[PDB]
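Peer 1: Here is how the chains run, residue by residue.
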Amino acid sequence: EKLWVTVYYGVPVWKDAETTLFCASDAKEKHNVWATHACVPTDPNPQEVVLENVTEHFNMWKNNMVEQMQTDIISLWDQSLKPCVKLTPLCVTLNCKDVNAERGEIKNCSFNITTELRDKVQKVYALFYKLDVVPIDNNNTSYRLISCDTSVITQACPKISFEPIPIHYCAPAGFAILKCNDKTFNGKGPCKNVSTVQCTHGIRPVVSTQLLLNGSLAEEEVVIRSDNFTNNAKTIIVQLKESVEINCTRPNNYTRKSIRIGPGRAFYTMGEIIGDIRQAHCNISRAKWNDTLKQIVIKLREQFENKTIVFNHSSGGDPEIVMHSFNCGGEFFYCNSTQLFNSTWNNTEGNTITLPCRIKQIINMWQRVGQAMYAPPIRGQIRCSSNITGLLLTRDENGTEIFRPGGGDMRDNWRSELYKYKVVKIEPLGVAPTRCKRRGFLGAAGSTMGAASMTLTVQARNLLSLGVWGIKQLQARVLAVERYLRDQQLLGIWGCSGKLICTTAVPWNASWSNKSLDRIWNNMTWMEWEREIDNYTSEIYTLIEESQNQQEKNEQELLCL
Amino acid sequence: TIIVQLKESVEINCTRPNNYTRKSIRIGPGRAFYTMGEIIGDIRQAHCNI
Amino acid sequence: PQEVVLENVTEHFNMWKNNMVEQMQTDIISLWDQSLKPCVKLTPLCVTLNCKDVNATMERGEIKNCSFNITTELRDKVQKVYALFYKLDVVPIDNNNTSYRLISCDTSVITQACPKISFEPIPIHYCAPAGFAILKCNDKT
Amino acid sequence: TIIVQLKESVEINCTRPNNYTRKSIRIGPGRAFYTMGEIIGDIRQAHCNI
Amino acid sequence: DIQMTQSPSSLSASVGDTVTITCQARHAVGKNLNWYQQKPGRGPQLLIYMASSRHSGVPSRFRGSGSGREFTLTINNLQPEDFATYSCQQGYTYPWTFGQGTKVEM
Amino acid sequence: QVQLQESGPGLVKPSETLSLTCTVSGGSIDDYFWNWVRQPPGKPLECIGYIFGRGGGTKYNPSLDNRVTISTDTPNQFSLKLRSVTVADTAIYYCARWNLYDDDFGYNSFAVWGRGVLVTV
Ligand SMILES: *[C@@H]1O[C@H](CO)[C@@H](O[C@@H]2O[C@H](CO)[C@@H](O)[C@H](O)[C@H]2NC(C)=O)[C@H](O)[C@H]1NC(C)=O
Ligand SMILES: *[C@@H]1O[C@H](CO)[C@@H](O[C@@H]2O[C@H](CO)[C@@H](O)[C@H](O)[C@H]2NC(C)=O)[C@H](O)[C@H]1NC(C)=O
Ligand SMILES: *[C@@H]1O[C@H](CO)[C@@H](O[C@@H]2O[C@H](CO)[C@@H](O)[C@H](O)[C@H]2NC(C)=O)[C@H](O)[C@H]1NC(C)=O
Ligand SMILES: *[C@@H]1O[C@H](CO)[C@@H](O)[C@H](O)[C@H]1NC(C)=O
Ligand SMILES: *[C@@H]1O[C@H](CO)[C@@H](O)[C@H](O)[C@H]1NC(C)=O
Ligand SMILES: *[C@@H]1O[C@H](CO)[C@@H](O)[C@H](O)[C@H]1NC(C)=O
Ligand SMILES: *[C@@H]1O[C@H](CO)[C@@H](O)[C@H](O)[C@H]1NC(C)=O
Ligand SMILES: *[C@@H]1O[C@H](CO)[C@@H](O)[C@H](O)[C@H]1NC(C)=O
Ligand SMILES: *[C@@H]1O[C@H](CO)[C@@H](O)[C@H](O)[C@H]1NC(C)=O
Ligand SMILES: *[C@@H]1O[C@H](CO)[C@@H](O)[C@H](O)[C@H]1NC(C)=O
Ligand SMILES: *[C@@H]1O[C@H](CO)[C@@H](O)[C@H](O)[C@H]1NC(C)=O
Ligand SMILES: *[C@@H]1O[C@H](CO)[C@@H](O)[C@H](O)[C@H]1NC(C)=O
Ligand SMILES: *[C@@H]1O[C@H](CO)[C@@H](O)[C@H](O)[C@H]1NC(C)=O
Ligand SMILES: *[C@@H]1O[C@H](CO)[C@@H](O)[C@H](O)[C@H]1NC(C)=O
Ligand SMILES: *[C@@H]1O[C@H](CO)[C@@H](O)[C@H](O)[C@H]1NC(C)=O
Ligand SMILES: *[C@@H]1O[C@H](CO)[C@@H](O)[C@H](O)[C@H]1NC(C)=O
Ligand SMILES: *[C@@H]1O[C@H](CO)[C@@H](O)[C@H](O)[C@H]1NC(C)=O
Ligand SMILES: *[C@@H]1O[C@H](CO)[C@@H](O)[C@H](O)[C@H]1NC(C)=O
Ligand SMILES: *[C@@H]1O[C@H](CO)[C@@H](O)[C@H](O)[C@H]1NC(C)=O
Ligand SMILES: *[C@@H]1O[C@H](CO)[C@@H](O)[C@H](O)[C@H]1NC(C)=O
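Here the protein sequences line up with chains A, B, C, D, E and F, keeping their order. Counted the way the deposited numbering counts, the first sequence spans residues 32 to 59, 64 to 136, 150 to 309, 312 to 323, 323A, 324 to 359, 361 to 397, 408 to 411, 413 to 457, 462 to 503, 520 to 546, 568 to 663. Counted the way the deposited numbering counts, the second sequence spans residues 283 to 309, 312 to 323, 323A, 324 to 333. Counted the way the deposited numbering counts, the third sequence spans residues 81 to 136, 146, 149 to 232. Counted the way the deposited numbering counts, the fourth sequence spans residues 283 to 309, 312 to 323, 323A, 324 to 333. According to the deposited numbering, the fifth sequence is numbered sequentially starting from 1. Counted the way the deposited numbering counts, the sixth sequence spans residues 1 to 52, 52A, 53 to 73, 75 to 82, 82A to 82C, 83 to 100, 100A to 100G, 101 to 111.
Mixed in with the good hints there might be a few duds.
Which chain B residues stay away from chain C? Per the calculated CB distances, all over 10 Å, these [to be verified]:
#, residue
1, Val286
2, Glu290
3, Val292
4, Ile294
5, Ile307
6, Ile323A
7, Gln328
8, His330
When the alpha-carbon atoms are kept at most 27 Å apart in a straight line, the in silico BS3-like pairs for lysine-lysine are as follows [unchecked claim]:
#, chain 1, residue 1, chain 2, residue 2
9, B, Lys289, C, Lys207
10, A, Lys343, A, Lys236
11, C, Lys117, A, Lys117
12, A, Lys46, A, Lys421
13, E, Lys31, F, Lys43
14, A, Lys574, E, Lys31
15, E, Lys31, F, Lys58
16, C, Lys121, A, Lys121
17, C, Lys168, A, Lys132
18, A, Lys240, A, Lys46
19, B, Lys289, C, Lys178
20, A, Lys121, A, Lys97
21, C, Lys97, B, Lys305
22, A, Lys421, E, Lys39
23, C, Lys97, B, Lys289
24, E, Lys31, C, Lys207
25, A, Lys117, E, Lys31
These aren't lab readings, by the way, just hints derived from the structure by calculation. All C-beta atoms, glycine included, are put in the ideal place defined by N, C-alpha and C.
Whenever a hint applies, use it, and build me the whole structure from the sequences.
Peer 2: Written as structure tokens, this is what we have:
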């Protein structure tokens, strides 16, 4: 009957929020493009409290972590190429002839380099791939670099490695990462088995298109994830149970000559052909791909009803868009992934699929324009050993569904992995009625009001407290300190100098909640209660501040006389 | 320095009469020098009337 | 806005020791440099400028038909281009011949203002951090 | 290294007895390149007296 | 080439309502999208460039945003002068394909 | 205030050469791609080709089997030549200005369009 407001600090409550997370690298230097120095060392053992009774709603397609990863990887890519040589004096008209052998793919190009010595003009010979070389005239021998006229071409430093390294994202103080531990999760929906993690699992930022290379696999069955499943033109991420294997080789052996540009800067180019001119023939085991296509078309028939499903190749066009593109060995491959999607299923030649591939050195990454990167050639054969881990399918009318290898920007290459994780902002302050007057972190979040009110200590303890990454981290830490001082000042103005639980003695009106203490301190989670009194939060807070502290302060001011 | 603040403002109208066209000359890969083109009309002078 | 007339207080103001003026100077310089930083540098343009005059309150001698040799997108090839410049932006060289240069490019990295950046003044309010305050003098004279 | 710190300060006074002229040069497209000009006086050695 | 589609093919609206037009790319184009306005008897006018920047002199009411293959143009406070055929164009690969076009009716 | 005006015949029979001329008023030709585009009835706008500056590099829509040639005739006029014109080529042809520079409005967009000329077959 005689109920009073009591303020509880450290409540296991949260709401959806978007922030910047700290990148952490495995403890395990190589100057790898995604800099190790930027990212903190990983904790030796992660903690994964298995939140019980918590059924949170996840949605891969509205997830700020994916966009944050896109921005972070773009920033790290640009910063890694910042101090490397810029190929400004190489737009010169190139006299090119076909290499005497593929046919016409490699061009023997002569050009006059005018070095910074400025008393010589050196005629030099170099080999360029056909994809990077475009005509400039009706003369069949005069060409230029493909994108050097509308962009500044940055040469990648040969000392930068492109080998994938697992990168974790760890929550800052004041936020939490909730992981969905289900096995057949469909990306968008409620999750029945939720845990809280400080950092995510190892994520290899593999860059590829039409197909996801390396990474985690499904545990129960092949999982097909799409936001709507009927609008079309929405990537149908496919995660597999068993991994096919993309063995890929570039047979040709090449020698890398260097040409001075300025004092301490060099353009690394292709010297001459050693051995015969072969082609890059990626080998995929046909039987295994058969099985994978079966285990995918079954699920697609389940989702799209028993229609005939046809896997077609992508629509024709320029090689960069249409063809699959590895990041293996430091050489950018573009493979004609047509034999893999050439089947009608409804309801015999060879045993290995050989995909031809073309190597390209001048590239435009992240779908940007006006910027371009030159990858210097690698001496010797390149022998990949990748693992088929996922597919990206897109849809296009006689009762047949046409699926094609499609995809999108690199965000869709990480929705396939960060589909079991969500970032949540925690608001530790809450209020509840009591009779008085003046496990791990969120482990009791799904528990009732009673017996969750005994664990605020851990949540209160663990909730709070150079360069571009530096400034972002400084802004994040300052914001966290701000939040913490917001909470502490709210507690101070409420007369709770240092009391996780502080009784107010403000009367508990019956227009907020009419439920009795038994039905308020049991039968409900802190989430349902915080939602319930959401509208009255401002009013209640006002009453805790105005009605008491002021009056209590005046009273104590009047007690010493 | 002596700073004088007035009770009421004095309107000043300035005109650049000469009619101009902008020509862009490429400096480099995506860099433009935006500069003078042809002059249309007669060549008068820019004047301020107080 | 939150303005509170302080009664019974008389405060000594001195604008010539007002640190806000220097702070605004730093602010304006930094804004100018920030706005001009992602724009075109005209260093490749500073060349021997062989410039004639333009024949037309008429002007006389102010606008000059000024030509120079620039590199095209192929680097090796050169192209002859022309533009009109005012007398003030050009400096004579080699005594009394027609060769000119651009003023101050002998010692400064001439930056071009991006045309999409507007120089229109917009009112700026200065606000102090919490724990500080700004006292306004309301005496008419 | 055997670092030595002194109780008293020894005095070193050094001058270059030459008069020069800063001859700005303009070799390429860009900011001008400064360098030495002509010796107005004679050619004498710069010395450090102890 | 990269096929572009948009939705709806046509819609009706009155003065003062908000209109949303979705442009979908068959392949990712980054932020390199432009929005054009076409009226009879007049050439196309540029409304938005680089998918979120309004062109000079375009009314503030026109708002456009998106990334990857997905973009949306939102016209708030529809004016009688804004009834026109709106189209989206890419900018990444040449030829820069346009789109079917949505006609805004009274 | 740059304006573009197309001119040429409004009727060309099949298989001869279609010739159009775009004249630039207001300003002289400058270092922006000058592009020919068309809109057939009931179809989206299709890029035909472009030329850079006053004589220079060109590029043409690959899916035309090299039937198109573009060149500059006068410092304020450029022209489109389209060979082997067929009945499918009936369209409203526009000439447009495509910007290369990110320091001005309309980066990578047809900032300036002409009125457009209807050519049938
Ligand atoms: C819910 O998810 C948790 C966390 O992933 C699962 O607990 C793991 O269970 C496996 C079973 O082999 C153990 O090896 C791990 O050590 C457990 N992890 C932790 C952090 O305790 C749990 O099994 C899942 N429960 C379900 C699906 O009912
Ligand atoms: C690229 O072209 C250059 C010149 O066209 C070739 O260089 C010549 O190679 C032959 C090989 O027998 C030598 O005898 C000549 O002395 C070379 N000439 C010069 C000027 O260096 C080069 O071999 C060509 N590379 C390829 C792979 O065909
Ligand atoms: C500035 O000088 C240039 C030459 O350097 C002039 O360009 C000529 O202009 C006339 C105008 O009738 C054209 O017929 C010529 O073909 C142009 N010649 C060139 C570019 O070599 C230009 O007219 C002059 N401008 C002014 C305002 O006097
Ligand atoms: C410059 O290249 C041209 C290409 O035709 C060639 O004729 C000429 O010899 C080269 N000049 C020098 C100095 O190497
Ligand atoms: C899926 O897209 C269709 C397109 O007509 C739309 O009607 C439907 O509401 C969408 N469904 C969801 C769940 O977004
Ligand atoms: C490259 O050299 C290795 C050396 O073992 C050889 O096996 C290989 O065949 C060479 N490549 C070609 C294309 O001949
Ligand atoms: C790929 O298959 C071809 C089939 O002829 C074979 O010659 C080649 O060695 C294979 N490559 C690898 C890396 O297994
Ligand atoms: C791929 O390479 C591995 C290397 O161990 C080899 O075992 C495997 O047979 C190769 N796969 C194919 C399909 O040739
Ligand atoms: C789709 O596949 C069918 C055969 O299943 C083929 O006839 C058709 O041309 C393909 N369409 C494309 C590549 O657009
Ligand atoms: C892939 O190879 C097939 C073989 O028929 C060919 O038709 C197709 O054009 C190739 N794709 C590309 C993008 O070059
Ligand atoms: C697709 O399959 C058909 C039927 O087996 C075959 O004729 C065709 O060549 C295949 N496509 C490719 C690109 O090999
Ligand atoms: C499986 O691959 C074989 C050749 O190894 C081929 O004949 C067969 O058609 C494939 N399976 C299906 C279901 O298409
Ligand atoms: C690739 O698959 C093989 C299958 O045996 C597995 O041993 C290997 O660890 C996988 N590699 C990666 C990087 O996951
Ligand atoms: C406990 O909460 C549930 C969920 O709203 C409700 O149906 C039930 O009646 C509540 N218990 C009491 C005693 O009100
Ligand atoms: C609280 O505000 C929300 C806002 O959506 C409203 O739906 C709800 O009815 C309000 N509840 C109250 C006043 O109890
Ligand atoms: C400015 O004054 C001059 C004086 O000759 C006059 O001709 C001109 O019209 C005036 N301009 C304006 C804009 O009032
Ligand atoms: C430089 O321009 C002048 C203009 O008088 C011309 O005589 C000369 O040939 C040009 N030089 C070059 C290298 O183009
Ligand atoms: C050095 O030369 C300059 C030349 O202007 C002259 O003014 C100056 O007096 C000279 N100084 C000495 C110390 O001789
Ligand atoms: C250094 O000593 C020499 C000894 O001949 C003398 O001529 C000269 O003036 C001295 N220099 C200074 C700077 O005292
Ligand atoms: C300036 O030139 C333009 C060219 O179209 C013209 O419209 C305008 O009227 C001219 N200015 C004056 C004052 O006539």
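Peer 1: Does each hint fit the structure? Answer for all of them.
Peer 2: These are the hints, each one checked on the structure:
1. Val286: Consistent with the label, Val286 of chain B stays out of reach of chain C, its closest Cβ about 14 Å off (over 10 Å).
2. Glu290: holds (15 Å)
3. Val292: For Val292 of chain B, whose nearest Cβ neighbour in chain C is about 18 Å away, the distance exceeds 10 Å, so it holds.
4. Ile294: holds (16 Å)
5. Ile307: violated (5 Å)
6. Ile323A: Since the minimum Cβ distance to chain C is about 12 Å, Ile323A of chain B lies beyond 10 Å and the statement holds.
7. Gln328: Violated: least Cβ distance 4 Å, not greater than 10 Å.
8. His330: With a cut-off of 10 Å, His330 of chain B comes too close to chain C, as the shortest Cβ separation is near 6 Å.
9. B:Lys289 with C:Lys207: Between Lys289 of chain B and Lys207 of chain C the Cα gap is close to 37 Å, so the pair fails against 27 Å, i.e. violated.
10. A:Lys343 with A:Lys236: holds (25 Å)
11. C:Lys117 with A:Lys117: Judged against 27 Å, a Cα distance of about 17 Å means the pair holds.
12. A:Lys46 with A:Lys421: violated (46 Å)
13. E:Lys31 with F:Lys43: Distance of about 25 Å is within 27 Å: holds.
14. A:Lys574 with E:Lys31: At roughly 23 Å apart (the allowed maximum being 27 Å), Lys31 of chain E and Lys574 of chain A satisfy the hint.
15. E:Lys31 with F:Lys58: Roughly 23 Å separates the two Cα atoms, so the pair holds.
16. C:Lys121 with A:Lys121: holds (17 Å)
17. C:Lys168 with A:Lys132: holds (21 Å)
18. A:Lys240 with A:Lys46: holds (18 Å)
19. B:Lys289 with C:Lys178: Distance ~39 Å between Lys289 of chain B and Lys178 of chain C Cα, so the pair is violated.
20. A:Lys121 with A:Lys97: violated (38 Å)
21. C:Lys97 with B:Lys305: Violated. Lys97 of chain C to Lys305 of chain B sits at ~48 Å, over the 27 Å cutoff.
22. A:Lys421 with E:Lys39: violated (43 Å)
23. C:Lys97 with B:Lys289: holds (25 Å)
24. E:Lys31 with C:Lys207: The hint holds at about 19 Å.
25. A:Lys117 with E:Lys31: Given that 27 Å is the threshold and the Cα spacing comes to 22 Å, the pair holds.
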